[PDB]
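A single chain, nothing else alongside it, follows as structure tokens in the form deposited without the ligand.
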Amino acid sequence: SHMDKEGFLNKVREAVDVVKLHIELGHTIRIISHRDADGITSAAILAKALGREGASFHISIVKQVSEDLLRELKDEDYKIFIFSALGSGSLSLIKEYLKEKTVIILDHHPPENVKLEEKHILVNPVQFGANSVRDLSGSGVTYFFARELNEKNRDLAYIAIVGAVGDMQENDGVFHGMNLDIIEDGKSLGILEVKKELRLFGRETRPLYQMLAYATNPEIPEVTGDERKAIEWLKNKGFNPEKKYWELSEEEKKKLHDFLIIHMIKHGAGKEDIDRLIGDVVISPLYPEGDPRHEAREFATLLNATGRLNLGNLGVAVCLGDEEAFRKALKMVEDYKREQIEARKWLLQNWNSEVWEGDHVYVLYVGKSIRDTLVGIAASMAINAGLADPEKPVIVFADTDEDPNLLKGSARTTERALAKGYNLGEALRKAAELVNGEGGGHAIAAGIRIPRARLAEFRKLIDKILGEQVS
């Protein structure tokens, strides 16, 4: 991909001029953001930037943009609404319910192909040639929005990268697009640094054997999910398994990298998984070593842990420096990682007996066996554990926490399937229209909410829609 970076920044300037019209008049800025790391960092960037301009703001951290949400926002008396890290897939609904309000969309998902009214400004790098999952995240769009508003907001560069890491925008091992420009801004201020290290969770707070056993993207053969074998392997290679990765010297890290690469080669791992095991890791000298805020992936996991318990507002406070909010949030990470471990064990046990395999898709309905906010991780795990054909997309459904008759689904696939022509966001958007649902997202990763009554109909429908995308 090749962005028109200046054309995108010109659009950012247009949105900044609009929001300053309302700041001048003392209008309270209504902010709607997503509950994962990309949305939480986005909300904190807006909260800090708008605080620097003396503006007032009201933040709501939500699970998605829905028609039910927009009907609630229609009755709110705010003059301007800012959607961050979401909203691109709901332009028609935003046009309908917020017609007489000013709306700013700071997002990176493929936008719905509809025209907007003059007071609804879409700020999306995809419209300027960006790859939606590599070149910039929602926190990155919000960062450049904040930077154009005030140059001092460059000190939010690390927070913006935390959201990009939460969105796995360095999933192939390196950063791309305007994420590299954010990194340069943070390096100029000395608030972040890019290392070439093991790209796994647990650099700061986990012992080495849990860092290896937790690895699911990519998995480490025979070691993933088995802390006892991880301990044996580390000791056999001359490492203290209880030591943390940050406590290793640079010489020991390189020795660990060599052993892991040899291990994956000996067990037949693919080249793409080997090449992304070691790569860009962003750390921040603003925080001490051993603190999860010191590394972007641990920081993002910490924020996701707060949003998992409907406490994303606590995660926003952590980004803004609330140390008491940090002390609470730190106690939420362990149960978050444990639930992912149990989710993988449930997948390995029940995939064969429960999965619905069509000609172009896997559809797995877990009921409540996996939390609805974890179906995206579950779908990726099925691919990364070898349960699913890499060229066949995986959709995992779970009952929503709020409505047992409503399902939340996440679709995930690989680059090999994208080469076949599959586009999960486009397919889910079309299928949702036919079963009274709401769906959309990236070509490689998308989500959908449908009534539980429509599950059997949806499986036949999405299999047909995906099959027609095949080039």
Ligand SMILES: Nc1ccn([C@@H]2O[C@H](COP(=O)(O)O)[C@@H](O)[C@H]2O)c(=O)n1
Second form
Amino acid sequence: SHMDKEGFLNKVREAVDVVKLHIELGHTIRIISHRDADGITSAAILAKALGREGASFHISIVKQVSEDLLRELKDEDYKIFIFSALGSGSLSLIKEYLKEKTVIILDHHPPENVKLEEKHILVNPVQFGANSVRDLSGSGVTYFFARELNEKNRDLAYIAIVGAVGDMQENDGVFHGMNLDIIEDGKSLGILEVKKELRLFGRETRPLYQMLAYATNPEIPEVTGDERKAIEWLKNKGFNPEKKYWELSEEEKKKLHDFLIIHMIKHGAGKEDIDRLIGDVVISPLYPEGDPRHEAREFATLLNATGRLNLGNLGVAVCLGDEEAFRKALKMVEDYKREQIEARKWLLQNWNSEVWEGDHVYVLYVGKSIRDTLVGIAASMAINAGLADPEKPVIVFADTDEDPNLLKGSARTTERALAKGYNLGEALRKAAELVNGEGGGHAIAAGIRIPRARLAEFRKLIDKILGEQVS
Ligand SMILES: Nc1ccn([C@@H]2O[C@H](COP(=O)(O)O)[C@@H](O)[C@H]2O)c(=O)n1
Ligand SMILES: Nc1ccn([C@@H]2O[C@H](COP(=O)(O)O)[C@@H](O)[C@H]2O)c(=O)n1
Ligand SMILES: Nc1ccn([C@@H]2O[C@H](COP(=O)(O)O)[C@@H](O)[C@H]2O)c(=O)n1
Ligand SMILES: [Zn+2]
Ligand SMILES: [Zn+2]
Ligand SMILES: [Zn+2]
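Please could you give me the other form, the form deposited with the ligand bound, since above is the form deposited without the ligand?
First the chain shown before, then all remaining chains and molecules of the complex.
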């Protein structure tokens, strides 16, 4: 990939001009944002930026831009809608249901290849050469929107990076694309620092043995999922296992890094996993050490915890400095992490007996054993736990809140699988059109909803469609 950065920024400036037309008239800005760290930070960036202009706004945090959602937004009397961190795969639907409204899409998903009307403006870095999961996230698009609207919005650079980390834009251990420009803005203001550190959840709030035991991206062999063994390993290497990572000296951190790298090599971990163990970690002196907001991944996890309970609006308030919202959000992270480890335990126990393996895909139907909103994490964990061939994409389906006749599915894969030609977003979109469902997303990570009774048909279909992508 390679971004035309100034061309993208000129498109951003075009959207800023449109939103200013509505601010002048006192129009309330309707905001629809994705239910994850990327979308929650996106909405907070818009809330702070519009607040600086004295404009009013109304935020909803949602899972997807569905035809049903757009039917609802069609009847709302707002004059302008901003979709942030989602929507680029729903341009035809937005064109239909919001035809007589002004729409701004601040997003980084692979855009639907259709023509938009004059009052609908897509602001998407992928259209200017970006890799959708690496060069900029939804919070990043929203950040540059806010920055062009008012230069004072550069103080949102850390919140923007929180969304990027939540979206795993530094999944290979380093930041890329225009995320590096946001980082430079934040450094100039002194509100963020980039450290070369252990890229695991728990730098601020977890004891070291839980930082190691929670590691699923990448896993630490023999230690992941076993706090007792994590304690034994840490003590044997000379570390107080109850200490938090932020309490280690820089000398002690580097010693831990060496021990972990040697451990992964001795247990045969792959080069890709070793390379993303140590890398860019973003902290912020705006918050105290030991506070999850002090580090981007802990902050993103805190926001994801509010989204999981359908309290994304509380996550927005956390980003905006509401300390009472922060105290509530702290109480949601423990159940969030515990359920992920339980999902991994179920996968290890049931993968061999339940998974359907085609020529180009694994399809796992977990029934009700894993929450519908966790099937994506589960698919990724099947790869990281070594259950799945890294070159074969994994799709996990579960029963879902949304509909008793529906299955919610998530697809995940690796960069080496993408090198073979697979594109999960495109494959799921095309398969959904044939089994009376709905799907799409990134090449490396995508979602789909299908009727439960069409699962067997879907498995054969998606295997064939993925195979046709193999060049
Ligand atoms: N392999 C993986 C994949 C996801 N996760 C968790 O899932 C969260 C969000 O995952 P998605 O980006 O797939 O929605 C991450 O921030 C992390 O807490 C994990 O712990 N291990
Ligand atoms: N119909 C769909 C379903 C999911 N997606 C995208 O696919 C990605 C992964 O989906 P899940 O998080 O639902 O597994 C998300 O970025 C989501 O916005 C999409 O663009 N169109
Ligand atoms: N290298 C990467 C980068 C992102 N991802 C996934 O891509 C998705 C991006 O989230 P959105 O669809 O919400 O933008 C997340 O599920 C994230 O875990 C990945 O699976 N591998
Ligand atoms: Zn260039
Ligand atoms: Zn998102
Ligand atoms: Zn995103």
